[PDB]
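Given as structure tokens, the chain that follows is alone and in the form deposited in one PDB entry.
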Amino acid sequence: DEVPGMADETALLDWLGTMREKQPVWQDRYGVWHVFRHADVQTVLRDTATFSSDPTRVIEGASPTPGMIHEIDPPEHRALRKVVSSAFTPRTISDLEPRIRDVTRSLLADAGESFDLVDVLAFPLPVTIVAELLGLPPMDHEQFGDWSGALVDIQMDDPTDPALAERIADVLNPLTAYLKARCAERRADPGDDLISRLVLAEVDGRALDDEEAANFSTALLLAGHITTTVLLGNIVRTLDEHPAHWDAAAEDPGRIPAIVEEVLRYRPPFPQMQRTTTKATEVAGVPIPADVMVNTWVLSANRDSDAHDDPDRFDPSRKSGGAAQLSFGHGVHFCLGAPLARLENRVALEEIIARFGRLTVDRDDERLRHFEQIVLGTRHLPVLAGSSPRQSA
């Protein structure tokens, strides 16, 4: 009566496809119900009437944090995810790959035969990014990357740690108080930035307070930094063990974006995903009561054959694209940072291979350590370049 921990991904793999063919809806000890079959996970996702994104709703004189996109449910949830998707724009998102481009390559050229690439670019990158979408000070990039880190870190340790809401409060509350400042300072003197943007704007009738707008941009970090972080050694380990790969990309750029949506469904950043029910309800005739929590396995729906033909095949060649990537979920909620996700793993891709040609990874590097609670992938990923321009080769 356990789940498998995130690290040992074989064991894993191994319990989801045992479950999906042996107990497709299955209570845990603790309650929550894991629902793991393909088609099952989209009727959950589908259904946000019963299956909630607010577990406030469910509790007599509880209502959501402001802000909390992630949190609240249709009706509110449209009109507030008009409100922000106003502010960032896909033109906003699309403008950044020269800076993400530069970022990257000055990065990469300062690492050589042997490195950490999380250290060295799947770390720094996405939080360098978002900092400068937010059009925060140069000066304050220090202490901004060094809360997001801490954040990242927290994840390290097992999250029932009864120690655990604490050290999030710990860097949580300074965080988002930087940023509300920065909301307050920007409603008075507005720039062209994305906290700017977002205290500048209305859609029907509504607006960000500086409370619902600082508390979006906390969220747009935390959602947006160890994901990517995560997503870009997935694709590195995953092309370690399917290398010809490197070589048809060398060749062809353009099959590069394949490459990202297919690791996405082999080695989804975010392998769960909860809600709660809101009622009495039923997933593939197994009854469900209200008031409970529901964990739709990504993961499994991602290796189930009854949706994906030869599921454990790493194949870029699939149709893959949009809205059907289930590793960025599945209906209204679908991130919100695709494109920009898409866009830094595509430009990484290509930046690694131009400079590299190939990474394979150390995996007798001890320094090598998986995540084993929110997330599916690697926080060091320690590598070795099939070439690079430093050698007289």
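Take the two forms, superpose them, and find the largest set of C-alpha atoms that agree within 1.5 Å; that set is the rigid core. Numbering follows the first chain given and starts at 1. Compared with the form deposited in another entry:
In a rigid core superposition between these two forms, 322 is the single residue of 287, 98, 322, 205 whose Cα is displaced by 2 Å or more. With the core held fixed, the Cα of residue 350 is displaced between these two forms by less than 2 Å. Taking the rigid core as fixed, one finds a CA shift for residue 363 of 2 Å or more between these two forms. With the core held fixed, the Cα of residue 85 is displaced between these two forms by less than 2 Å.
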Given for the second form:
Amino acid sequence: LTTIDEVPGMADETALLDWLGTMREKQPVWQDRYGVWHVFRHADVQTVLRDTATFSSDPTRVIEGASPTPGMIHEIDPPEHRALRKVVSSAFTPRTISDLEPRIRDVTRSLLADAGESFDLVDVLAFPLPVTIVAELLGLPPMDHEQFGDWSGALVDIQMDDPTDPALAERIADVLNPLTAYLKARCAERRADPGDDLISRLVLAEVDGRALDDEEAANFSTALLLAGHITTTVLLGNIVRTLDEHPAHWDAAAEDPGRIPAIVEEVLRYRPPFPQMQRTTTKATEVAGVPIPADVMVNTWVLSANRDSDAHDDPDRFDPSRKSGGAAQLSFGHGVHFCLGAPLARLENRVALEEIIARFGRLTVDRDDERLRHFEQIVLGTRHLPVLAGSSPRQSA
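Next block, the form deposited in another entry, ref. the form deposited in one PDB entry:
Lone chain follows.
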């Protein structure tokens, strides 16, 4: 233990993981050189995420401009979070998600049908599939944009190191503002003539007198669109990667496609698309007996918690057959901010992997030109994943 910050960056995962392990052991609550605090143990990550009074999700809590963006449900605390969550959950329903299955399968099947035997999984499927699905769910037209989220890439590639930096707020707003404005216009068109698409549902939604204005509906639809440009794109790459490291599971899921949901849960634990979540202390508190001051940022390492042997047995072992006494998925968060889109992600990744197996039996990652381009910061995964099918319906005698 020395007072010289490293943090292996995300790009070297094995080194990140060895660091996390040692911190879990020796420094479970750590303050970095920017005065940002880090929480590494499973039970402590849980404490933090649950306790919204002490640990607020409003980053703008500190900054002199009390600007909580309306309808940014992940950046809003009780009691307003509660009423907001109720309004959106009433538009964004299981039924609404589940009816998507046939379209999810149609799109996935057509995109793969054209891929050849050697392609980029991200450009071919992992990116265009959720973009298409989420737009259609929201009731938007098909978009012209596609470079693996030109704007969503800019977002995750933000000029950032010190999260205390006030500029950062502006750099984010710079990217999102054009997109939020475009959605605000779409919401106003649906307010005029509502359909059954999700934007119409959002605009008509009302729970205990609380309705979304076009500000809030546009903001929240923007978040949803962003979720669809990034999350499945990262998870599905992580799934193929991991299965490529334990390839016996390709054959097992081919024989019993009902094993697929469990593969997805396991990769979620093993490689969470989002390894860290962020909170701000609203008051002097302590974690693990470590005193933390008011008004500072706190990062909760979901990646650490997931590899913490006190939470799981043999935690670095990739094992889909691991029954869990109360399978609750920390990679989708913990508490009242628990992932609203969890069913949709589970559905898209299940259908995706099903369709990969049905056409190809298996894919392997292709490192025959370069090593993978990992995300350097926000998410845990790769920007591209060139793959190779050994088998496919194209092969002839």
